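Please build the complex by placing chains E, D and C on the supplied structure of chain A, with the hints as guidance.
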Amino acid sequence: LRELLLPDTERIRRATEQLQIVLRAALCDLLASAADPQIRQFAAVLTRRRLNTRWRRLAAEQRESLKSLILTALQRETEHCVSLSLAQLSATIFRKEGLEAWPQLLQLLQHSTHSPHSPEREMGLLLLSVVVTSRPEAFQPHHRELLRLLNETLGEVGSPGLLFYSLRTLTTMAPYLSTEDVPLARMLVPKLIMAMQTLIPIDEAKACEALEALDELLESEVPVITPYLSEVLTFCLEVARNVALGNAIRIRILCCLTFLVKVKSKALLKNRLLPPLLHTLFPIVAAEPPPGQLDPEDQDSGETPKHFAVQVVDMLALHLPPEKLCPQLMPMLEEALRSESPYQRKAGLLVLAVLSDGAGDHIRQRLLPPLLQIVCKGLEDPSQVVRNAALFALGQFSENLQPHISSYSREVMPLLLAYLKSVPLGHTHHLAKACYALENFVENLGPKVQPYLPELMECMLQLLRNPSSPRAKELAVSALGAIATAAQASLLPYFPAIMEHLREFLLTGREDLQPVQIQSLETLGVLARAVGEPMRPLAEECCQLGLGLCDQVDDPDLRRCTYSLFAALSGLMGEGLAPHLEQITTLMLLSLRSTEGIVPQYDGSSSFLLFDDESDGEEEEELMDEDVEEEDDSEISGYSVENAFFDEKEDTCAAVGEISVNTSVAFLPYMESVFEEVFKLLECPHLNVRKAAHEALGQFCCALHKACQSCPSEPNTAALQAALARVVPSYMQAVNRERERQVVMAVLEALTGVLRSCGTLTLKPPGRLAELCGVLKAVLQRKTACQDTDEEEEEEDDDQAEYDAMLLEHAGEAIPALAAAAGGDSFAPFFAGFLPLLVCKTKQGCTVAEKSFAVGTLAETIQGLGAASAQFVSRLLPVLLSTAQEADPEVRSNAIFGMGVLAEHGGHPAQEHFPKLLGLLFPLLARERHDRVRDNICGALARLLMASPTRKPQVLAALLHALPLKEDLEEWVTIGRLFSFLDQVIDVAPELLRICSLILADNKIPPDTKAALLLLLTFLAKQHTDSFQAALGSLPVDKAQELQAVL
Amino acid sequence: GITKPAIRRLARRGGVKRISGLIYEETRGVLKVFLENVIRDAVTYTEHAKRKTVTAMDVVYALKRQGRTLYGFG
Amino acid sequence: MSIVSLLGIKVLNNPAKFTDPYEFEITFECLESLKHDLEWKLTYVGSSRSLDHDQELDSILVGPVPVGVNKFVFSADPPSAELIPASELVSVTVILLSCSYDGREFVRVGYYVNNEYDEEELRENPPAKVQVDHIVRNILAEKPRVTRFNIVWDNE
Amino acid sequence: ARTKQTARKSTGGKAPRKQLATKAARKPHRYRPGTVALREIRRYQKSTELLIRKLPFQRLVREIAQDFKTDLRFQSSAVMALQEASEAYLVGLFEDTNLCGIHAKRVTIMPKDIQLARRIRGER
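Protein chains in written order, with the authors' numbering: chain A, 10 to 34, 40 to 315, 326 to 977, 980 to 1008, 1014 to 1078; chain E, 28 to 101; chain D, 1 to 156; chain C, 1 to 26, 37 to 134.
Bound-form chain A, shown alone:
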């Protein structure tokens, strides 16, 4: 036994590379060298791999002897690491063999885990945890027995090892908890909390590996932790606010709190668990950093619990109504703002910035005028930290409060521009913060940027045209791209200089300018999206440059932002991508299957075997399908996912969808190749990748449908039918089963976009409508799994979350699209059940936005249903009539539009209400001041005049008295259709003639309206033509010149 397996001197290499490798120039039989501690550890590590590689070549004669040797060894070991290694070896033997093929290991576990000796219990639990971890599905039957064992063992607070290993066993078993096993876990939860409290001060690593169990138990699809939510939250708060504790454990606890809030936030809202949660969270956000040190985000040239506490606050804001959060947070926040300590201001600004996300509406309409809190105070605060927080808060404000913040541009822009001018060069971190804020504000301005365009262009060309650091050029390029997005067509005067600067950046092959290459490609794509025709001659040259950098250096951020460039260029180039379509379809599919994001981390014993068995026999092991001879869990010390490859997939999916939609003829040979991988991504564990894949399949369906319209061949329509039958079931299955809510909104939006484009092809298979309507009715009824079944238990019809209104609106937006696809005849029975929910949403006293959305959805569904609304007019008329009697512009406009279209498409059952309908339109015409609502009343009156049974016995004169159509050009088609429905045109001649004269210059007015007038002029040009002379004489001569022009 002269086995010198220990390091000796630094010449351990002289041992490893030379000895124990020269066997050729029988060791398995006596690999039981029990001489000195941790040499048994080496022996077990080597034996694990040896048996993994050659288990099936030992037959059965020595199998039992080896098993007995291992069991004897496991009952006499005294150390811990070697005991863990022997447990690993035992699990490896168990994993490759059958469940009942080792009838003594189970007996040992059952006997030891119920033994009255503490070392026996520790050795039993350690081995049990390792065995269960190795093959979790083996212990599927005995969940009740193993849960009972865990509940008995977790009460032993004296020994930390038993607690830690029982918690590891719970970690492994937590995902596979069934509904019938809930009471045992519910009883075990308090023991888990006690074990956590005991294990926190002993060691941080074990505390983290047991927080693993707690986190796994948080989300299990079964109601395990809900009855003890108060105790769990109290423990999390108690451990989270311990300032003397470590940062890693606090970060893990804050992630646990985030998951608690996300899964069930309403439960802690009904109880008085929210005020303590805020009182514990806020000091963490305003925590003073160590003296001398600075926060990670405030460095001159992820780690702290401050960011994770801010994230918890953000998640609380997302999953909670503002009316239940703002009153309980505004006092604390307001007291925080007016504080001497700068970090209190930083915490307040961060909390406000992340509150602007999930409470966008409440701040936007009611708390946006108090914008002085950020721009006028923190942006010029004496403390630099408060200035950085103010810049971040302004960026979040200008990115979340999108439509109502551009009104304050006149006062925000000059100070922001002065701030950018005040930042000196060489301060690229501060310049980056200011440029982030500037871009986020500029992107939404649109036409408002034109007054400030020359100043921005000069400021951003000062950096590029003069010597500056490479870090200060990508920021200028990004700001330039934002300015290009803002000024879509006003950027022509500066276009040549910007283009030549971008080309100069792209051409130069200097290795220190990679990020500005990425930004140049991105801004080239942004320019292609924004500016149109003048870039078409130069667009072809941009494809060569985009691929030229994509094949010189390999970078996930370079392959990305190039697919976006081609997606942008496909809009204007059109079918010109065919030569490059093959090259951009490959090198993109490879990015879609690239698994380089998940790189394993190996920190353990080094491999010294490096030997492969040589045999010449006839191997029969292939009969067992599930070969376990491969390298499974080779001392995996966790994984380190790179957050740059999933961000590559999320963008390449959208890029390929846009390319397929644009290039709809040349993409057919590659559509089948791309579709399979895009579908394969639907099971990705990434939120954004799943969202992008769901949004990309719908674009594939639309592109394939328009290709089928282009070439009406049998293979094209067969492929379209197959693609729809593969996508629509996936869309329906991912709505009422997928927990992530952000995916569900995207899926509903994609489904709405498919039903509008594909049309009747979607619903051709029988029974598809019956389940699509069921799904859309389940979303409105809050029965889906994404909404957590109305956050468990029940509700008393209270105010729901701010972000669930968007989900309900997306669900209800597909009803008009669904109606226009089923033809109306077959959609009536389903609309009968759909009606009560929409009527409830528009009940008096509810939200204004929901009221308007419900009324508009009813109007559009009337439009889609058409002649099948005869049985629904009776129910619909009271709702629209009551809604048209409010004091809101949008709501009343939608009500009038819906009432008019109901009159148009109501058929015979709607005719009996015509005198009553006319008796109410006259008072609304005069009293109303808004231009939109009077235009919609005009359109409703026109449509009502169209649906005349025989004739109209004046409505026509009063309607033609005023024609102020300004902001509703889409009603001009109905107005034009109104004319020529077939004598008193003398009185109403001047206004219609002047309307025609003014609309001659404008191309926005449909030509059909003008053509209608000529028919009635020519028809009446013979009978009673004497009135035309009087009409011409009455008109002013200046209008007479334009009148005589057309003849």
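Derived from the structure by calculation, the hints contain no laboratory data.
There are no misleading hints in this set.
Computed cross-link-like contacts, DSS-like style, restricted to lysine-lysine with a CA-CA straight-line distance of at most 25 Å:
no., chain 1, residue 1, chain 2, residue 2
1, E, 77, C, 79
2, C, 9, A, 276
3, C, 64, E, 31
4, C, 79, E, 91
5, A, 472, C, 9
6, A, 472, C, 14
7, A, 81, A, 110
8, E, 31, A, 110
9, A, 807, A, 348
10, A, 801, A, 788
11, C, 56, A, 704
Just chains E, D and C now, kept in the frame of chain A:
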């Protein structure tokens, strides 16, 4: 350069039931020869492209020289 | 996209005698006349350990290219059994038929042929000396393996 | 017509800007995922792993690459394409070898069957 379980799995997907012990070295040699040919063609394309780094396009172009083998005459 | 593509291969004598000349029926289509003629080669693979140990039976050229079903007679001698290794003679091997234009091959079809005794009488007592007349070979033409190489046809 | 309320989070637009220059819109390079995320990442990686392990394949490709020319680098996408091509070629070769064995009234494949499959699959 290919592990034995990978060879067994590849044979499994091909429908092979029983394998002799001498298959591993032979299939490693076959893979080495195939990759030598493909890398040769890819390097030829890369040199024709005046570049010092082989990309995916070069490999795709190189794969076209081996031709296509499909069952039937489709 | 090859101008001339194979459609199907029909074998008239299968199983055939070992010494019986190989004869096949070939159906193809001619879109346009080719200035140079097409030559087909039949090769027998004796030993798989080396590629230089194979033997080419012959090479024949046909001038006219008829459109449709073609009438033609092979002029190839039977493969030499003597040059085949004695150990590997009674074993499976492959035969390759290819059509080449100007020395550039574009279609190649291979067939597995098995040299096995047709009677249990010799299998029960296999002698050291092998008898060529008692070995019957069969060709699995039911599952052909075709390889297509794309080549340039017109300068364009 | 109906007033369209699309002014909320810019959803439905052409494409949001990446904003990866400005601190990627507020550790991105390397971060440790959560337990529930780690388990799902493990499941996804195991579910889509290719037959040939990637590290030995890149090592072998590098071996032949330096056999041809020293200091010759390979794109990762090129290595992935080579790996997929090798897997497809090996599966085709193995199924042809199984056919050769079946036709030969044998159930065990041998190196001569591999050579015959190579010869019939197009020489080269």
